[PDB]
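> Here is what each chain is made of, one letter per residue.
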Amino acid sequence: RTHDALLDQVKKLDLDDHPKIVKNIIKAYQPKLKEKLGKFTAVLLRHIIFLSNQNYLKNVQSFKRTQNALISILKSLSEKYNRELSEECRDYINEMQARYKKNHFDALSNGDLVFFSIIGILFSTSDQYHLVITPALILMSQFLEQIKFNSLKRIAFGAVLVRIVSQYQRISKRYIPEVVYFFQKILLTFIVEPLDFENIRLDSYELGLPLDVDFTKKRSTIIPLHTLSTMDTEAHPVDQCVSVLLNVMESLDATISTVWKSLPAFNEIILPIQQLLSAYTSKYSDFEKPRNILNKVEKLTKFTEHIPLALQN
Amino acid sequence: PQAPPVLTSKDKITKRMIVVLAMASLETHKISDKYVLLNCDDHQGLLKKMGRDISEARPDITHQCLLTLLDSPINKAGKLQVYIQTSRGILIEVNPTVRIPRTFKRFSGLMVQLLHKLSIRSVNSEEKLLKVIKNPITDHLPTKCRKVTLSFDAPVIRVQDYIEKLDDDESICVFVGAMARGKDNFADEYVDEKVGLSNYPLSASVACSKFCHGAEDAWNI
Amino acid sequence: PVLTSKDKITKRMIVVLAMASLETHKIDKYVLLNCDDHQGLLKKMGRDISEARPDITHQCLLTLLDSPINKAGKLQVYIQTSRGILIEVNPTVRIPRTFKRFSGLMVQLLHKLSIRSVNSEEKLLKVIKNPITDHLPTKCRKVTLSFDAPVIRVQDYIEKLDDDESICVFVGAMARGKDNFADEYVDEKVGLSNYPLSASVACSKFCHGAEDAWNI
Amino acid sequence: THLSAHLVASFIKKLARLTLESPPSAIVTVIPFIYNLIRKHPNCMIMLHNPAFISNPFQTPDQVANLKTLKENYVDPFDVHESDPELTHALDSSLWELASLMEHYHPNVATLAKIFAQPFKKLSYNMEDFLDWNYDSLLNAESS
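Protein chains in written order, with the entry's author numbering: chain UB, 382 to 414, 419 to 578, 585 to 704; chain JG, 25 to 56, 63 to 251; chain JF, 29 to 55, 63 to 251; chain US, 369 to 512.
It cannot be assumed that every hint is accurate.
Unchecked claim - With a cut-off of at most 30 angstroms between alpha-carbon atoms, the simulated DSSO-like pairs for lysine-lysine come out as follows:
hint, chain 1, residue 1, chain 2, residue 2
1, JG, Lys64, JF, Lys64
2, JF, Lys135, JG, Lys64
3, JG, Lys195, JF, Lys195
4, US, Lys490, JG, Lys106
5, JG, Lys39, US, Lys436
6, JG, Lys106, US, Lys382
7, US, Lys490, UB, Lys693
8, US, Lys490, UB, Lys690
9, US, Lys382, UB, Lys687
10, UB, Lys424, UB, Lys460
11, US, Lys382, JF, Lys224
12, UB, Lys687, US, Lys439
13, UB, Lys652, US, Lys482
14, US, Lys482, UB, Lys558
15, JF, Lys106, JG, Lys213
16, UB, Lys558, JF, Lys135
17, JF, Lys78, JG, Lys135
18, UB, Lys693, UB, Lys609
19, JF, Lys224, JF, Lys164
20, UB, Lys652, US, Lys436
21, UB, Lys487, UB, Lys465
22, US, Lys436, JF, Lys177
23, JF, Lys135, JG, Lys54
24, US, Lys436, JF, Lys195
Treat the hints as calculated values from the structure; they're not laboratory data.
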């Protein structure tokens, strides 16, 4: 209850399948006696990340019902204790960014992705300046651009990020200029095998994509279970390449009409992306998502005004 | 964006509107223990001894017009100044920068400060605001001027058409009869024509804003 | 003919002053609440200095009545009070042009809740019940003069109207405050000048544009 | 002091397209730098607004027939592939990209793009104050 390890080591004496209500009984008994839960809410934020880091061989019926309940324990502790969580969420950014200073990828954990998704459900999403979210979103920005995408894991380790970042601005709907840099750096890595684009400065020429996926309606979809998948995506079947791409197609296509449609420079933003999307539909001719994206674009190249501005009035 | 340059009588080149209230009733009387502005309503019995009738001495129509002129956007955009021609002959220059108090009783105390000390200075104190200037008005008007009179017997014209035929440096000056009842002859020796605004008999307050809100559309404000 | 709240067929203009500081105090007699005439009465009651201005109600009414569009009989004026009092005004009324005879005219009306002239043919000032929308004509257009709104020309806005749609304008009369007072009422907010306007001007700037479109 | 309008406007527009895909540390160098050059050369102010396209109330209804049809015939005359800097038609095109940049995820970067709606009140903008920022220095000063 006092230390981050000692409450976990007491939970380590018990089984993880029953460790959830043991903390909840400990959370109730500490409430049955504000000062005790100052430490206890800090341990729960570390420990919930730690269960994602530890192991994930337990399925959704074996882990996530125990995992989402522990998040639901924090939900009853969040609304009373925002002074406690702001002290940990400020420091865990300061911890993990300083760990990123140590290693460009090695101190980056697969459980660290959950830390931002916890906050966006807990804290106030729509705000301009939030003392937790705005250090996090500017860390996520660093976490987008700087890391070197040379394996399919890091692609999936970045494919989760857009799905996290767009939930921050499903309601704020602000602009994020690195995400178009994030998408362009993804789309040509699968078509490396070119002459139209020397501008993108991609990381590794190694991974590509042959014209060999069948891409059915039964083809595997988004469903990102990272601590099942990402540790072993490098043992590579051909299906798991396209399915990660097929998320990024849809995490693009959803966020166009919510975010990209609003901005006045939308005619000039997407014109590199159209030729990228052209390179899929001209090559394979059997995908349906690029042709549907491009017809969504051909509306929005016609629909908007695209009048030159008179800002100095 | 910056503030447009605040006009005075000293500048005489810049094109602008001038709205002059003529024959205002702004007179000073002493009581004994203080000095007060003259009112028709507040003291009817004082004017019977002085001999000037109650129905003439109305300062309220002036403060009614001074809120009409100063809050209008052509006083924001810097394109008019306003002169006050008192019925006793006093000529009062009004800086566009002043904010005249919107209550009537403070305005009564504002005028009796004016008519003795001859110049009202702001509490910001950068400049003098309401200065009594030497007659005649034809000195302190701008040089290339156009001088008109609002008359109910005049032929009715439209405000926006009349200003658009002015030259690019000529400045309109509108002598407005603030008298509640009287002849439209207070400035026949000054102006070069008489212009009308409506077929209906108007107030002195509306005939300002009937001109001003036509002026702003004629100058694209 | 004289416009009424009963008459709802003819297309006509309506200007409603809103949040006009018209409050009654008792001193024994009754007295209207002035900002200038009594400052400590504002302080001991606790009500703020800058709001209690009944002078603007006197000023705009002389603008609205003496405009020729009221002499043409094309509008009637309603008073929305900071207390929520709603006052129907006869267009043929004749208001104290001095403010101190206008001073008791509130506490005359607000305690009687009705006023009839000495000729006694019909009531002149009539305190009526909220909402204002019950008394307006059935095909009506309601707006609010706001400085932050987009600026329009007055004459072009009224020529676009149908032949039977009554224009109603809710003018805020506070010295300062929020202009959100009629958002449950109006279609939109409109602007008239590039400069912040007095309500005396904002009545006249709307009226003298409305006079042109109706050839008065 | 010699350079043309077309020479300077090509660099302002090409760096403006470059800001669309850029780290925010690379934005706090460009927005001062575009702010200096337009203040140096106010002839290229025409790309921040073309006042033939503004709408007055006090313009003629026959011009509304013109102004409706004139906006419909606009095309973007800019050519990225052209490398001769005076030959590129950046003067005849605006730069929407800085106007989009007012909506930004970081506040202080969104603050500096909001200069371009406000007037051009000052000139000496001191780029060495705004030049060297980094992802580390953005995070280290934010808690500070």
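> Tell me the hint numbers this structure goes against, listed in increasing order.
Violated hints (numbers, rising): 5, 6, 7, 8, 11, 16, 18, 21; every other hint is consistent with the structure.
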